[PDB]
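This document starts with one chain, in the form deposited in one PDB entry, laid out as structure tokens.
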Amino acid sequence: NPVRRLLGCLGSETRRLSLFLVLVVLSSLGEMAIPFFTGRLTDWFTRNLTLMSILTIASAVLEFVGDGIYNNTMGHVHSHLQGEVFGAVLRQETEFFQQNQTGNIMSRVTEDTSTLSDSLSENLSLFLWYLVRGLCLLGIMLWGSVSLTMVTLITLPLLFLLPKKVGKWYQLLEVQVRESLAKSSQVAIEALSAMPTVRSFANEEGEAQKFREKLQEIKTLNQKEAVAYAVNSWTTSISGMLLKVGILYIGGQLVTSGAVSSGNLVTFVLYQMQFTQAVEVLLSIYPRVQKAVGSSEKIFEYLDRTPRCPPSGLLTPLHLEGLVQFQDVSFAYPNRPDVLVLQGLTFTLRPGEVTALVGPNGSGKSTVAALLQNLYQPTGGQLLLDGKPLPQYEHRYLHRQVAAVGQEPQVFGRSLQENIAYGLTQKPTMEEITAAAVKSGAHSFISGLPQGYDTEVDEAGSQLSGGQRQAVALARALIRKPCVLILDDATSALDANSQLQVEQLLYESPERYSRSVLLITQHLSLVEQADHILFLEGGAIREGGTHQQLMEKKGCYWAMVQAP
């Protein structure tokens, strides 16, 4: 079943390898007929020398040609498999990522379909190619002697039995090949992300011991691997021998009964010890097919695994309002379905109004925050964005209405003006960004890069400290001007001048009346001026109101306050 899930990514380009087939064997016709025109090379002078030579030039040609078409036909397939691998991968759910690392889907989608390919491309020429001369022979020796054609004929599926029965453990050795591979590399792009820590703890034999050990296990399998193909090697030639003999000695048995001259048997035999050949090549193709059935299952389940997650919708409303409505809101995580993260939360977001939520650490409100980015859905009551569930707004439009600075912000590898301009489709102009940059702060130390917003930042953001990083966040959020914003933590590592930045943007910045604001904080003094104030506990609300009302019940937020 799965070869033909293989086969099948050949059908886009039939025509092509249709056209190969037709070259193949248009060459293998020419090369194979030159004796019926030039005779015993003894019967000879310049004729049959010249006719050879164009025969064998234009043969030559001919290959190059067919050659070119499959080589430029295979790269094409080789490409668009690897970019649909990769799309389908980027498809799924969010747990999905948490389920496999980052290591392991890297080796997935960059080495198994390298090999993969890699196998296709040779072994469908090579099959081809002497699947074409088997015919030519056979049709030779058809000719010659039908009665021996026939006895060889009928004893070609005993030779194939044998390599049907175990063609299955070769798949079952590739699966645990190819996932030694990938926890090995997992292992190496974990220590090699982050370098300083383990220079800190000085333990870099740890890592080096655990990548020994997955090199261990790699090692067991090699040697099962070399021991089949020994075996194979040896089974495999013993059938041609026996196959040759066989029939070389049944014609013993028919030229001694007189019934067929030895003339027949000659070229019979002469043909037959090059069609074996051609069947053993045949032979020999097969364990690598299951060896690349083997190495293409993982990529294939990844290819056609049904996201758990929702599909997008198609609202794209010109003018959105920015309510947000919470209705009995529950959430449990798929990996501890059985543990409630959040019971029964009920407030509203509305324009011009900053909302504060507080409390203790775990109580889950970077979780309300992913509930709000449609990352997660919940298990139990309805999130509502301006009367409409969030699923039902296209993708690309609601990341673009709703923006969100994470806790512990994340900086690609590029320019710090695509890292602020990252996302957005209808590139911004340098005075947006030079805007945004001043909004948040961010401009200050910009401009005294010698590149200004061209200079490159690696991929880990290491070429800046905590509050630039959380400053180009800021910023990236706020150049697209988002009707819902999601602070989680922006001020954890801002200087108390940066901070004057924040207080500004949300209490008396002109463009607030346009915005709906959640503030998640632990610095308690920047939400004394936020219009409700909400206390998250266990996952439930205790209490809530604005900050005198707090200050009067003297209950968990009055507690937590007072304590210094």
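Definition used throughout: the rigid core is the maximal C-alpha set that superposes within 1.5 Å between two forms. Residue numbers count along the first chain shown, from 1. What changes on going to the form deposited in another entry:
- Of the residues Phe64, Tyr507, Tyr513, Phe37, exactly one exceeds or equals a 2 Å C-alpha shift between the two forms once the rigid core is aligned, and that residue is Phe37.
- Once the rigid core is overlaid between the two forms, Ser53 counts among the residues whose Cα shifts by 2 Å or more.
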Given for the second form:
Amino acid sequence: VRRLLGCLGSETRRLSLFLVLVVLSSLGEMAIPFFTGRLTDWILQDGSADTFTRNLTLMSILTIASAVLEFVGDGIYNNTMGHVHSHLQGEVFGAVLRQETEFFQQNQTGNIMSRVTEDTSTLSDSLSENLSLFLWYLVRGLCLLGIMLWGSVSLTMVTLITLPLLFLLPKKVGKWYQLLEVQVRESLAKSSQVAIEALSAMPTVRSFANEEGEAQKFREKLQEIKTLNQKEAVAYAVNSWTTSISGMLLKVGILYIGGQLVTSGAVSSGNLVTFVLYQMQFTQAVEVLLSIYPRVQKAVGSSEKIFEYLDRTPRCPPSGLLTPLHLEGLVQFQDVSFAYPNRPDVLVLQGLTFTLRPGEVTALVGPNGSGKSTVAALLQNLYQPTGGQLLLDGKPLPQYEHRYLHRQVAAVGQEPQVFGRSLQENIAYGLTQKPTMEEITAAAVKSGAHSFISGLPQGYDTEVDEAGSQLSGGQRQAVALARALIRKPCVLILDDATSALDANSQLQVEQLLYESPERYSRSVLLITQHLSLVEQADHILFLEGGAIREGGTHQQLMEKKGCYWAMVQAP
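Same protein, different form: I have the form deposited in one PDB entry, so give me the form deposited in another entry.
Next comes a single chain, given without company.
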């Protein structure tokens, strides 16, 4: 249970200030009703109007002071709890975004979203609901213990000795609550994943008339939650029975012991009555404290996954420290081999060895599934090679600063993604300092996206939806190219960037590759299935089955009959 209390360490001063007010309020609630009764009796008794007015104002002052103390304590407590909730959610999201790339293949989007947004809120609600009640009733019980000691010492000692016997069952039961709550959270996360996956990609669902299948999946996910809720209700009933039985046992045992001693003359009735009168309330407080415990066990159960996220050690090297003032895009592959973490037995790449140099364009071609996108992902430091070295300007990629490296190396992606923001924000995404409107327009002109953006009613301020559905495929690809070009990278990766572009828009890419005056400042890795775009490349590498079979210029590869020649001579 110690891990739950860790999140409260930041607000210790506020919690102590709240505790002082709690003690004061408990003492007031103990003493004020007694004072009010005495004042009312004296006011009702014989006395002048001055006596009546004096007694009347005292009760009003006491009640107003009690109300003010309660208000101040409530305000402090609620402010502290809100801060705690916000801090916890922020920390959980930050911890989630630090994990390795394959972490997001094992955990799906809806599952992670449910963990981040729902588990943390439930934990915070439980903590804020239970901590104040626990403190309040612990203070009240400690206050009542003094009066119980005053009334009788030995009976208080036997009560205290008997007290630990009531906590044996919940200690042996709480693990069941923990596991049950873990299962409930898992089922809710699965249902959330199903809902998210169905709600996105609605046109695909509609075009195959599969709404009923999605509904059936959702119902199948809900059935497990229903099954767990039945057990939760039964456990609630059983625990509520047991707590009351435990309280009654104490209330009866103390009375039985008192009856015996009153008969033998070892105690006075006047002391026994005033002892039991407060033993009653002490048992009530003990019952409340007993009822708190299963909720604590449930809260421990509900926070297993998020604390696992917080304690997890990422399986990837950390960020470096190098930010060289001047960098040239010299990239060297040295016998690189790779296998995906979820299927480590199968090698996707084997013994790659090639060099990219500034001012030159290198093309990578091959059949589907050869591993070209894997090479692109390795060059962007998304994964680490299982063998060999990959050096940028003579040094390994993990030695550079995270943001500097991704400013120097930029890529487009095979099927580019855009976010639900303005076109201006999409192009300038990820930049530490905002570029001027002149640079964004220049990049859009270079990519060829300026023609259609200027035709929109709001221009560069037009909002696009979360998936870019309001744009066509070619427009989205041009926007992605403009996003890539704005950074002025020294290494440029074009992963099938002309798949959706028409004939007119391919001339922009051709001029960028082989005619722009900015060629000499960057090295280009070109991946495409459009072989006419490859003829002017400085080097051509044919990748088949994860290995490079042929290499050379277009003329050299055409003179030597082989895989590239057969691919080009398709008819």
